[PDB]
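**Student:** Could you build the full structure based on these sequences and the hints that come with them?
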Amino acid sequence: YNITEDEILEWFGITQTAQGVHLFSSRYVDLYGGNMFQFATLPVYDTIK
Amino acid sequence: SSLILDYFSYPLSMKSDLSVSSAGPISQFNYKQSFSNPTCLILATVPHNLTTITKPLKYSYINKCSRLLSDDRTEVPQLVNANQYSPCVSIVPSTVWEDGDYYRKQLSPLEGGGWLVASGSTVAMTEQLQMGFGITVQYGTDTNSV
Amino acid sequence: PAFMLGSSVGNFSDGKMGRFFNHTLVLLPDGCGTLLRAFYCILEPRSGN
Amino acid sequence: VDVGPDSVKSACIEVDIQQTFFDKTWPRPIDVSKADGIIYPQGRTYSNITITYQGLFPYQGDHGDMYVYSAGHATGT
Amino acid sequence: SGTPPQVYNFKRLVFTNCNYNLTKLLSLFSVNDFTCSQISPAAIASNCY
Ligand SMILES: *[C@@H]1O[C@H](CO)[C@@H](O[C@@H]2O[C@H](CO)[C@@H](O[C@@H]3O[C@H](CO[C@H]4O[C@H](CO)[C@@H](O)[C@H](O)[C@@H]4O)[C@@H](O)[C@H](O[C@H]4O[C@H](CO)[C@@H](O)[C@H](O)[C@@H]4O)[C@@H]3O)[C@H](O)[C@H]2NC(C)=O)[C@H](O)[C@H]1NC(C)=O
Ligand SMILES: *[C@@H]1O[C@H](CO)[C@@H](O[C@@H]2O[C@H](CO)[C@@H](O[C@@H]3O[C@H](CO)[C@@H](O)[C@H](O)[C@@H]3O)[C@H](O)[C@H]2NC(C)=O)[C@H](O)[C@H]1NC(C)=O
Ligand SMILES: *[C@@H]1O[C@H](CO)[C@@H](O[C@@H]2O[C@H](CO)[C@@H](O)[C@H](O)[C@H]2NC(C)=O)[C@H](O)[C@H]1NC(C)=O
Ligand SMILES: *[C@@H]1O[C@H](CO)[C@@H](O)[C@H](O)[C@H]1NC(C)=O
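Residue numbers (PDB author numbering), protein chains in the order written: chain A, 243 to 291; chain B, 439 to 584; chain C, 145 to 193; chain D, 19 to 95; chain E, 390 to 438.
These are computed hints drawn from the structure, not numbers from a lab.
Among the clues, some could well be false.
The list that follows gives simulated cross-link-like pairs (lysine to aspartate or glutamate, EDC-like), each with its CA atoms no further than 20 Å apart [said to hold, decoys possible]:
hint: 1; chain 1: B; residue 1: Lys496; chain 2: B; residue 2: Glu513
hint: 2; chain 1: B; residue 1: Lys502; chain 2: B; residue 2: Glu565
hint: 3; chain 1: B; residue 1: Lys453; chain 2: B; residue 2: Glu549
hint: 4; chain 1: D; residue 1: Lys27; chain 2: C; residue 2: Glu188
hint: 5; chain 1: A; residue 1: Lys291; chain 2: B; residue 2: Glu549
hint: 6; chain 1: C; residue 1: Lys160; chain 2: D; residue 2: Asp80
hint: 7; chain 1: B; residue 1: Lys470; chain 2: B; residue 2: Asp455
hint: 8; chain 1: B; residue 1: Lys496; chain 2: B; residue 2: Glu549
hint: 9; chain 1: D; residue 1: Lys52; chain 2: D; residue 2: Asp80
hint: 10; chain 1: B; residue 1: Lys470; chain 2: B; residue 2: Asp510
hint: 11; chain 1: B; residue 1: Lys543; chain 2: B; residue 2: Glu565
hint: 12; chain 1: B; residue 1: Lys502; chain 2: B; residue 2: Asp539
hint: 13; chain 1: C; residue 1: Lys160; chain 2: B; residue 2: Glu513
hint: 14; chain 1: D; residue 1: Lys52; chain 2: A; residue 2: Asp272
hint: 15; chain 1: D; residue 1: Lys52; chain 2: A; residue 2: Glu252
hint: 16; chain 1: B; residue 1: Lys543; chain 2: B; residue 2: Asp580
hint: 17; chain 1: C; residue 1: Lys160; chain 2: D; residue 2: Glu32
hint: 18; chain 1: B; residue 1: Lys493; chain 2: B; residue 2: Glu565
hint: 19; chain 1: B; residue 1: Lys470; chain 2: A; residue 2: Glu252
hint: 20; chain 1: A; residue 1: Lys291; chain 2: D; residue 2: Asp83
hint: 21; chain 1: B; residue 1: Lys543; chain 2: B; residue 2: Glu513
hint: 22; chain 1: B; residue 1: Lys502; chain 2: B; residue 2: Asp537
hint: 23; chain 1: B; residue 1: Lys493; chain 2: B; residue 2: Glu536
hint: 24; chain 1: B; residue 1: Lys493; chain 2: B; residue 2: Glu549
hint: 25; chain 1: D; residue 1: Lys42; chain 2: D; residue 2: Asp80
hint: 26; chain 1: B; residue 1: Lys493; chain 2: B; residue 2: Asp444
hint: 27; chain 1: B; residue 1: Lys496; chain 2: B; residue 2: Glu565
**Tutor:** Rendered as structure tokens:
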């Protein structure tokens, strides 16, 4: 991934489900705001513990 | 929203185990579906005018899964869940060598310890391969785009 | 931060717990956080000093 | 298929543990009325209404799993 | 009690809905060999059979 740099804080989220590993962030749309928008979906085969 | 697919070498023999009410070794130690999602199951055969697909060594499955704890003797049965994997696959090879093959592997004490143990059986082929596909649908996981 | 994900726990070459087996995920920010590269591969520990 | 090039000789550099320096309490709770890092609905966006939803969330005003990075030994350059 | 018959003539005692206690038995047993299977030696006199 290409992520730019700034000075505002960052919120990141990681989870998994049987369809894939879902990675959420704010920067991608809410650079000035903050939210969980799914910027990545890993096509995973097995769950992670 | 999406489709999820699994393909495998499923012969005509344990097709009777394909029932959702069936709870054989296929449906207990090898493969269990999600009843909450509508699905379809298809058994197919290689056409003789088709060399694009290949064949494995032979069919196989696990007829018994069990886990040893750190005391070597408290046995925890392992069952396949809805689109989940018991660790029996991690110790059973892609092709089981023979019927009744016993595989054992060490487990760390902080994970319960002991030895994961599995017993596997094999099924021979006919002149042509019979395989199986499972198709399962997804309504609102992501963009509705298939 | 750089993360690693798997499903197995084991002791190291010196007995410290934390060995992961089989295919596992590692993600890493690099280049002052510009790149966020992730990869689900087989790790091999080195055996030197 | 992948490349992901490769590495250097089988000789690793040293690592030390000194974690007493890393042991310090910086109190930072998490407010839910300020919505500090909570999952959004994946495809169901609304407007100007309050809505209940069952998902994965943490508690309120929690402590965390506090870690921190630092710089190594140096002298001069 | 009595002169015990031999290994091919093992004598059976069955027990159901009563109080077995290996604490009064193994303390009075000069245990010189102890092999077992499928019920842990801490659980030979802990669980309810
Ligand atoms: C470290 O210090 C820097 C200061 O440089 C902080 O950066 C500031 O952060 C605040 C908080 O978000 C910003 O304030 C916001 O300004 C918006 C206007 O921005 C305009 O100008 C910028 C710069 O030119 C443009 O890039 C941008 O597109 C806009 O044109 C307001 O609109 C914001 O209000 C809206 O958002 C908030 C939050 O969602 C809502 O609550 C409001 O109701 C409203 O909808 C907001 O006021 C400020 O602009 C930032 N400055 C700069 C230069 O970037 C860092 O945040 C700080 N970091 C830390 C960790 O403290
Ligand atoms: C830093 O990251 C970059 C980007 O991933 C690496 O550079 C380039 O990486 C790609 C993929 O690993 C390499 O391309 C591949 O080459 C093969 C031919 O062997 C081709 O068949 C593939 O389709 C793919 O294009 C590319 O060679 C590589 N460029 C280089 C090495 O100059 C870079 O290697 C990374 N730096 C590291 C690992 O130190
Ligand atoms: C969003 O919701 C607010 C909250 O109800 C709305 O504000 C109300 O607007 C009505 C209409 O003028 C007033 O009678 C209320 O007193 C307002 N309440 C508050 C708390 O402000 C607002 O109009 C809504 N906006 C949209 C676009 O739906
Ligand atoms: C996982 O790694 C272990 C190493 O102990 C190995 O025995 C096992 O076969 C591996 N399984 C898979 C599926 O790679």
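**Student:** Each hint needs a verdict: does it hold in this structure or not?
**Tutor:** Results of checking the hints against the structure:
no.	hint	in the structure
1	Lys496(B) / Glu513(B)	violated (30 Å)
2	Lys502(B) / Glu565(B)	violated (29 Å)
3	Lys453(B) / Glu549(B)	violated (36 Å)
4	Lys27(D) / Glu188(C)	holds (13 Å)
5	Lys291(A) / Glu549(B)	holds (11 Å)
6	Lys160(C) / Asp80(D)	violated (30 Å)
7	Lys470(B) / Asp455(B)	holds (11 Å)
8	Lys496(B) / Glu549(B)	violated (33 Å)
9	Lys52(D) / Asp80(D)	holds (14 Å)
10	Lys470(B) / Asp510(B)	violated (28 Å)
11	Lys543(B) / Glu565(B)	violated (36 Å)
12	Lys502(B) / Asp539(B)	holds (11 Å)
13	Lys160(C) / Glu513(B)	violated (27 Å)
14	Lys52(D) / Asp272(A)	holds (16 Å)
15	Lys52(D) / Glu252(A)	holds (15 Å)
16	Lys543(B) / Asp580(B)	violated (39 Å)
17	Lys160(C) / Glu32(D)	holds (16 Å)
18	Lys493(B) / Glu565(B)	holds (11 Å)
19	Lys470(B) / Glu252(A)	violated (40 Å)
20	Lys291(A) / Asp83(D)	holds (17 Å)
21	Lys543(B) / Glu513(B)	holds (14 Å)
22	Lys502(B) / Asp537(B)	holds (12 Å)
23	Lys493(B) / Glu536(B)	holds (18 Å)
24	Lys493(B) / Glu549(B)	violated (37 Å)
25	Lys42(D) / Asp80(D)	holds (16 Å)
26	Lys493(B) / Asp444(B)	holds (16 Å)
27	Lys496(B) / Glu565(B)	holds (12 Å)
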